[PDB]
Each structure stands twice: as structure tokens, then as C-alpha cells.
Amino acid sequence: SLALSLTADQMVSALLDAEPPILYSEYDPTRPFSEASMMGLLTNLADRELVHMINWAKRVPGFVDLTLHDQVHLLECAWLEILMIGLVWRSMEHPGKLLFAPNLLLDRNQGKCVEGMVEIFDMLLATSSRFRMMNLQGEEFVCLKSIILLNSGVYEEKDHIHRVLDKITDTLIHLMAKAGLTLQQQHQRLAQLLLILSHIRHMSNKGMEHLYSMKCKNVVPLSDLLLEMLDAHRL
Amino acid sequence: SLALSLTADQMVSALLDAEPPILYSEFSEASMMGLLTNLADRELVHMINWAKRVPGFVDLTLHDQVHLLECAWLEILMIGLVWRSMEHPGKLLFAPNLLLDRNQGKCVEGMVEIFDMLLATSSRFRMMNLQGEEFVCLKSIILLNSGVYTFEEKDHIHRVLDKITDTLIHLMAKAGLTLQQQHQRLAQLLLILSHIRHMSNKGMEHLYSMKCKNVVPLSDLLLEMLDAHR
Amino acid sequence: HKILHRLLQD
Amino acid sequence: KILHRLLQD
Ligand SMILES: O=c1c(-c2ccc(O)cc2)coc2cc(O)cc(O)c12
Ligand SMILES: O=c1c(-c2ccc(O)cc2)coc2cc(O)cc(O)c12
Numbered sequence: 305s306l307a308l309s310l311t312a313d314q315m316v317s318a319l320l321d322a323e324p325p326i327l328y329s330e331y332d333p334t335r336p337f338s339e340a341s342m343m344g345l346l347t348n349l350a351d352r353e354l355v356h357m358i359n360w361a362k363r364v365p366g367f368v369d370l371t372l373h374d375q376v377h378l379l380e381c382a383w384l385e386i387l388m389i390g391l392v393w394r395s396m397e398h399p400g401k402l403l404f405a406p407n408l409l410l411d412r413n414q415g416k417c418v419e420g421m422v423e424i425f426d427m428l429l430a431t432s433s434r435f436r437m438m439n440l441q442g443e444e445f446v447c448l449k450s451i452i453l454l455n456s457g458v459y470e471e472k473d474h475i476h477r478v479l480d481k482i483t484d485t486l487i488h489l490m491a492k493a494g495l496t497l498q499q500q501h502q503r504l505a506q507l508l509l510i511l512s513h514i515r516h517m518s519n520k521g522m523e524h525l526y527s528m529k530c531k532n533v534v535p536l537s538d539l540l541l542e543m544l545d546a547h548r549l
Numbered sequence: 305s306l307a308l309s310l311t312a313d314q315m316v317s318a319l320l321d322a323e324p325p326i327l328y329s330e337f338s339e340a341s342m343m344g345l346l347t348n349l350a351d352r353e354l355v356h357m358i359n360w361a362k363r364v365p366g367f368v369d370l371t372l373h374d375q376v377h378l379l380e381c382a383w384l385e386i387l388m389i390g391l392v393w394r395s396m397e398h399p400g401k402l403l404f405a406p407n408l409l410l411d412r413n414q415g416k417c418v419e420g421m422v423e424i425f426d427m428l429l430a431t432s433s434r435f436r437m438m439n440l441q442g443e444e445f446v447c448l449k450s451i452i453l454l455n456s457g458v459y460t461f470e471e472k473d474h475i476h477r478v479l480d481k482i483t484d485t486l487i488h489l490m491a492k493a494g495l496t497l498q499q500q501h502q503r504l505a506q507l508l509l510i511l512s513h514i515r516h517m518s519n520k521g522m523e524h525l526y527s528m529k530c531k532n533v534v535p536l537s538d539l540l541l542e543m544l545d546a547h548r
Numbered sequence: 687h688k689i690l691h692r693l694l695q696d
Numbered sequence: 688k689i690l691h692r693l694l695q696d
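Chains as they are written, first to last, in PDB author numbering: chain B, 305 to 459, 470 to 549; chain A, 305 to 330, 337 to 461, 470 to 548; chain C, 687 to 696; chain D, 688 to 696.
Do not take every clue at face value.
[What the hints assert, rightly or not] A partial selection of chain A residues facing chain B, derived with a Cβ cut-off under 7 Å:
1. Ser329
2. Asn455
3. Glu470
4. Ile487
5. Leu508
6. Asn519
Calculated from the structure, these hints are not laboratory results. No residue lacks a Cβ here, since even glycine has one placed at the ideal position from N, Cα and C.
Start from the sequences and build out the full structure, keeping to the hints where you can.
Next up, the structure:
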């Protein structure tokens, strides 16, 4: 239970260290955006990020203290929320665009390539603007990503998880106190950040039913990893 | 706007005062679905009356109010459900004459999964000993937050939402929680709102599958509530 | 028009 | 379950 001993600064340092890299898509220009090709690009990218996610999780303090079964359940619940908050974050300096990868910068117009995708792109773009408005910092972003992981399926064992969650809240508050925010302003900012998580949950649920829909339309073959995560949100 | 000048005590009073009534219910998969949707449809009319009593809401343009309501309606109904189910462990008090357990959920395809979540959430408010003043704060947060991003009108909502944060903290302080306990509890409460979003989304897609299998006839308002989501 | 729109203007 | 195997490694 040694994650419960870290200072606020050790926690931030630990999460910043565990950050996965930004990956490249296999976008090929000489190949107009179809529904299949873009669905192909997005899901290929998700597949590859998934392996980096699994390993990052193992490095969120307190995550390995849970049984393999709980760990599985949390990543199954959280995986698209995590990819999405990742995307939103990367997309912050690109107003009106989603930077899925350095070589895949999309705007709301090409969400249209895929039925129902545009409503999702708009939600993602709206969350990116919010981050930008609030001037979300990297240290905050990594705390939020760890909360998504531990929160989104927290169902002793889930008291340990609630101890770890409290530790991360403490860490966000520490970060804001450090930034020179008044107590009042600290509470307000903390609530603004955690209320974003509700929108990210919404987007994940929307993306998961879109994803499931795309598989029934046979738009693209999906990874065995991806098929498993998808069948976890439906049984 | 006068919403922003309310003290915390006045915010809590206005909220408690605007609370909607508890309605009564009016067993096949079809009949049970009929009950649940008939209830929701009647509650919807009262929710709308409540929304208008939420400080700040009336300040929004009618189109923003519609957007917020369309986004949040089922989240609002479910948090109410989970609140009134609190002192009924293992049961969901849809109405005082409709108190259902997980066994009654198995009657409808896909519904027990939703019941089990609503039940876990109710158990969570119970372990946390969520107080009524806290509840009304959370419910109004859902109303103002759920559709907010997908919109200086936002700015106003966010000020109003900041005011609600303050009120929540004040209640915790007054209650005697430590300053650390305050931010810890605020976070725990807000995190539960993401579980409520999750549940609304599952309930929403479930309702849509009930509609498409022709299991229950839905009112014109419910059909419209559901269209906003696809 | 929308029932919701309508319910709100009462 | 593929995830199960990946967490193990
Ligand atoms: O957004 C995504 C992503 C995705 C991939 C990588 C990221 O970094 C972020 C999102 C993957 O598959 C989908 C599949 C869908 O059907 C709809 C979606 O919105 C997505
Ligand atoms: O939970 C509900 C409710 C419901 C009704 C009244 C309340 O106070 C709360 C939820 C209504 O319709 C549904 C319809 C569904 O398909 C699934 C559901 O879970 C529900």
C-alpha cells in the first residue's frame, strides 16, 4: 500500500514519468478519406495506444495493488475515456481540430466521412476548447487521467481505490495551491475539472455505441484486443 | 443576475423549495416498461417546473434551456431515484407504490444491469451519508453541466456552477468537516456524477432498444427526449 | 414544434 | 482474455 505514502510532488513526478508517447497513424495521403479508411485509421491507432495504456496503468500508484480481475475490469471500463482525454489534451493548441496523431490532424468536416461521427467530433472539440479556456496544465491532465482509470468502474478493495482517489484529489489541490490560487478558487477549479470527467464519460459511451455500430456495419475488421474491450461494454 | 448574489444559505433554501413532488405509479416486460416510462413522462412535466426554479436557469435563452433539459433529463430522474432509494437497501423506489428489487429487473431484457448500477449508486450515497442539501446541489449541477460544453452565456452557467461549488463547500464546513475532508468529499460527490452520466447513457440506449423492438409505446415528449440523443 | 420548447414557456 | 494476459507480462 506504498502509493499511500507518496507526497503530492512524488505523485505528480510519478505520473509525468509514466506518460505514454504520442503515436503516429498509418495515414496514407494517396488514399481519399472513405468511411472504411478513416474508421481504419482511428481503430488502428487505438489498438497501438492500448498496449502503451496497459503498461502506463501498471504505473499509476496503487493500480497493481488490486487483483488482476479488478485491474482488467477498470481498463475495460475506462479505455476509450483515457484515449479520448488523451486526444483532447493533444488537441488543445489546435483550435477547431482533433490531433489524433501528428500526421492525422482532423477537423469537424471529416467526421462527416463517417455517419454519426460528426456529433462525436463536436463533443471532443468542445472539450478541447474547455481545457483551453481553463488553461489545463500537464500536471492536472495526468491526475485526471489517473482518476478516470480508478473511477470509471470502481465496482477494503474498493476502499483502497477510494483512498488512492483521495490521494489524487489532494495532489490536484496541491498543484492549485502551488499555482497561487485562493482556497475558494481551488475548490471551484477542482469542481470544474471533475465536471469535465462527466462529459468525457458521455463521449466514451457515445463512441462505444458508435464503435459497436461500425462493427455491425462491417466497416472495418477490428483487432482481437478491440473486439474484447467492445464485448466487455456489452455483457 | 440575482442568482450570483445569493448567499449559500439562500441557494440551499431556493433549491429545497423548488423540489418537485414525489409521484405515484399508475407484470410483463411490456407492462413493466410501461410503468417506468409512464412515470418518467409524468415526472418530466414537473422537472421542467423545477428547472425554472433553479437559480440562473431562467436567465438562459429558451433554446439553451431545451438543450440542457434534453441532455440531462434522465440523469436528473435517476439521481432522484437513487436518492429516494437510499433508505431502502437493495430496492429502487421508483414511486412509493413501485418499490422494485433486482429480481423484478430480470423481467426486461438488459434492465437488471441498469438496476444493479442504480442500486450500487444508492448504496454509495448511503455509505457517504449524503445529505438532502447536498443532493439538491448535485441535482442542479447535473442540469447546468450536462449540456453546457456542447453549446458569455456559458460564462454565466459556469459562474452559477461555481456558486453551487461554494455552497457545497459551505455545507461541509458548517457540518464540521476538515478543510481536507471538504475537498475530498467534494471530489467524491462530483465523481459520482460521472457514474450517473454512465447510467443515463445505458438507460437511454436501453429505452431506444425498447422503442425499436416495439415493446412500449412512448409519449410524444419522451420520443422527443430520446431523439435529442441520436 | 417541440413539446419541450412548449412546456418551458408556460 | 487478451487484456488479462497483457497485464500479466
Ligand atoms: O474516437 C475514436 C477513437 C480514438 C482513437 C485514438 C485516440 O487517441 C482517441 C480516440 C478510436 O475508435 C473510434 C471508433 C468509433 O466508432 C468512434 C470513435 O470516436 C473512435
Ligand atoms: O430508469 C428508467 C426510468 C425512470 C423512471 C422514473 C424515475 O424517477 C427514474 C428513472 C424510466 O424509463 C426507463 C426506460 C428504460 O429503457 C430504462 C430505464 O432504466 C428507465
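The hints, checked one at a time:
| no. | hint | result |
| --- | --- | --- |
| 1 | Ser329 | violated, 28 Å |
| 2 | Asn455 | holds, 5 Å |
| 3 | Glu470 | violated, 12 Å |
| 4 | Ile487 | holds, 5 Å |
| 5 | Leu508 | holds, 4 Å |
| 6 | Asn519 | holds, 4 Å |
Hint check: violations occur at hints 1, 3; the rest are consistent with the structure.
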